[PDB]
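Starting from the given sequences, assemble the full structure and let the hints guide the process.
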Amino acid sequence: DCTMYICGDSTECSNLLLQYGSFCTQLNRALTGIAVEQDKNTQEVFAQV
Amino acid sequence: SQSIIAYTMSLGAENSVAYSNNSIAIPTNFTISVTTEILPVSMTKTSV
Amino acid sequence: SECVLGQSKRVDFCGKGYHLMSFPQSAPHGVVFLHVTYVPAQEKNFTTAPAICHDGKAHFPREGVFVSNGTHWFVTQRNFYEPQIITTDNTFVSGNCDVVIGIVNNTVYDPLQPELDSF
Amino acid sequence: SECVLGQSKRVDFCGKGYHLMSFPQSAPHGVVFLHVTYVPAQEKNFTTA
Amino acid sequence: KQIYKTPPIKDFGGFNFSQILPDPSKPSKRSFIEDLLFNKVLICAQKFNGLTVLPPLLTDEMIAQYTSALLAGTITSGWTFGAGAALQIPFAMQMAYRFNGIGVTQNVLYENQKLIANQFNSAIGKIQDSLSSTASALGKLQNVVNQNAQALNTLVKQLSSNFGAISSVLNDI
Ligand SMILES: *[C@@H]1O[C@H](CO)[C@@H](O[C@@H]2O[C@H](CO)[C@@H](O)[C@H](O)[C@H]2NC(C)=O)[C@H](O)[C@H]1NC(C)=O
Ligand SMILES: *[C@@H]1O[C@H](CO)[C@@H](O[C@@H]2O[C@H](CO)[C@@H](O)[C@H](O)[C@H]2NC(C)=O)[C@H](O)[C@H]1NC(C)=O
Ligand SMILES: *[C@@H]1O[C@H](CO)[C@@H](O[C@@H]2O[C@H](CO)[C@@H](O)[C@H](O)[C@H]2NC(C)=O)[C@H](O)[C@H]1NC(C)=O
Ligand SMILES: *[C@@H]1O[C@H](CO)[C@@H](O[C@@H]2O[C@H](CO)[C@@H](O)[C@H](O)[C@H]2NC(C)=O)[C@H](O)[C@H]1NC(C)=O
Ligand SMILES: *[C@@H]1O[C@H](CO)[C@@H](O)[C@H](O)[C@H]1NC(C)=O
Ligand SMILES: *[C@@H]1O[C@H](CO)[C@@H](O)[C@H](O)[C@H]1NC(C)=O
Ligand SMILES: *[C@@H]1O[C@H](CO)[C@@H](O)[C@H](O)[C@H]1NC(C)=O
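Chains as they are written, first to last, in full-length UniProt numbering: chain L, 737 to 785; chain B, 689 to 736; chain S, 1030 to 1148; chain R, 1030 to 1078; chain V, 786 to 826, 849 to 980.
FYI, nobody ran anything at the bench for these hints, they're computed from the structure.
It cannot be assumed that every hint is accurate.
[Said to hold, decoys possible] Now the in silico label distances, taken between C-beta atoms and shown as ranges:
hint, chain 1, residue 1, chain 2, residue 2, range
1, V, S803, B, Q690, 48 to 58 Å
2, B, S704, V, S813, 16 to 26 Å
3, V, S939, S, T1136, 19 to 29 Å
4, V, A930, R, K1073, 19 to 29 Å
5, V, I973, L, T739, 23 to 33 Å
[Said to hold, decoys possible] Non-contacting residues of chain S with respect to chain R, defined by C-beta distances greater than 12 Å in every case (computed):
hint, residue
6, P1090
7, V1104
8, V1128
9, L1141
The beta carbon of each residue, even a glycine, is placed where N, CA and C say it ideally should be.
Shown next as structure tokens:
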């Protein structure tokens, strides 16, 4: 979760970060895709029967 | 004279095969051929 | 691994055609394969039939097609014309000739008959 | 290459089971394969040596 | 190498191939299955900011012709057209050979020809119905397009941020 890492539970830090657009969503989507991909990898390699 | 032209691609020639109930095409001769296939293996080692 | 150290049956993998063998050669940051392939040349038309019914018993070819000229019938390997005289050695029997579609009539010569006649 | 222009013996490569043939079909930014496969149906016990 | 042509005769040993062969009574040459898949699966705004979408080199009709040629070659000459020239062969003999390739003797095909043809026809009918009914069977394609589109959207959205300046409109500043 970006806002917790970049900003140390600060209000003005989050307010400034909000000016940078949707950078966090791309990272979150990529990591979620990676996790689902790992799950699919295990399912495909093992569940042959 | 010579000039630059533009046209529509041709996906090779047009061919037809005489299919039927009881016709078979059997070869009588052959040809040994040699074909080249080139693959890259590695790049140039570098560092900065 | 496959093309050099063996004969692979994968289509269009080692060469374009029926693969035979290969030779590797080096190149600056790369490799070059010379694939030796076998390609069928000029072909000829023929008349065929799925099976042969000799004495009410359908006959099937052990390996090959039933090729037929305008007059006679032979058995040939699929990738090269090589006629052979029909014999019980290169054919086997499976049932009667009623369920098979395309059956034809022709005699099937037997090799034992001449020498049993001589004896 | 393998499935259409031949009979691949690689298990589970073209279809699920013993492979016979395949038919390609076009699709928007892709391709579709229809594999024809042979599978046994009825099983019988026997004593062997 | 060469575009093949299926013969007008449809005597393929009882194997009904009408579903996948090219459709003559259609503006294009796409088959019933092909058209079903095509039917199964805002643009100006992106172009308005310098994001152009080029057209593919091979149009759909050329791909359909290639596919039709591949099917015609497979059903007429077996596999012999892959290696060298095309060698016509009866379809029943080809099916007997494809059985012989997997252990079973060829005679089986000539003992159950009609049953096998009926089974294959029922199978193609069932797959056509399955494609007609549900829409998720083409998920693998759909996701791709969606994924791509999503990226572009974000790019355009990035034009709305200020990045710390007074305003995001270049003409304004
Ligand atoms: C198969 O083809 C080869 C080559 O085409 C024939 O061998 C000879 O090859 C030389 C070199 O090109 C030609 O000048 C000769 O004319 C070829 N022989 C003949 C009889 O034409 C070979 O004979 C052919 N075999 C068959 C059975 O057709
Ligand atoms: C068809 O091909 C066969 C095989 O080459 C020809 O062979 C004939 O076989 C009969 C049976 O032994 C002989 O009596 C003939 O003399 C053979 N023909 C020749 C030319 O020697 C057969 O002639 C061919 N039939 C045709 C061309 O109509
Ligand atoms: C092959 O030969 C058999 C018998 O020699 C033929 O069987 C005859 O078929 C006719 C019909 O065409 C029947 O009226 C006869 O009763 C059948 N038996 C006999 C002894 O003549 C057969 O038609 C021939 N041709 C094939 C199988 O294609
Ligand atoms: C092969 O399958 C096609 C497709 O089902 C059959 O054509 C259908 O025939 C029925 C008969 O009334 C019509 O209602 C359908 O509209 C036809 N479908 C199409 C797509 O035209 C055909 O009869 C089958 N057999 C052969 C030999 O083609
Ligand atoms: C194939 O056989 C059918 C029925 O036996 C016949 O009507 C048709 O004309 C035949 N085709 C050819 C090309 O001989
Ligand atoms: C075989 O027959 C077809 C049609 O009858 C003909 O066009 C062709 O020239 C013949 N010879 C071949 C294919 O060698
Ligand atoms: C073979 O025998 C076993 C044990 O008797 C049984 O469980 C099994 O169902 C039998 N196989 C078939 C196909 O009936």
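With d taken as the least Cβ-Cβ distance between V1104(S) and chain R, does d exceed 12 Å? Holds, because the least Cβ-Cβ distance between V1104(S) and chain R comes to about 22 Å, which exceeds 12 Å.
Cβ separation of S704(B) and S813(V), checked against the hinted range 16 to 26 Å: 21 Å, holds
Minimum Cβ-Cβ distance from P1090(S) to chain R exceeds 12 Å: 19 Å, holds
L1141(S) non-interfacial with respect to chain R [C-beta, more than 12 Å]: Its Cβ never comes within 12 Å of chain R, the nearest being 32 Å, so this holds.
Quick check on a hinted range of 48 to 58 Å for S803(V) and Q690(B), using CB atoms only. 49 Å Cβ-Cβ, so the 48 to 58 Å window holds.
Taking the Cβ atom of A930(V) and the Cβ atom of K1073(R), is their distance within the range 19 to 29 Å? 25 Å, holds
Distance rule for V1128(S), whose beta carbon must clear each one in chain R by more than 12 Å: 20 Å, holds
Outcome of range test on Cβ distance (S939(V), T1136(S); 19 to 29 Å): 54 Å, violated
Should the hint that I973(V) and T739(L) are 23 to 33 Å apart at their CB atoms be regarded as holding? 25 Å, holds
In terms of the numbered hints stated before, the structure departs from hint 3 and from no other.
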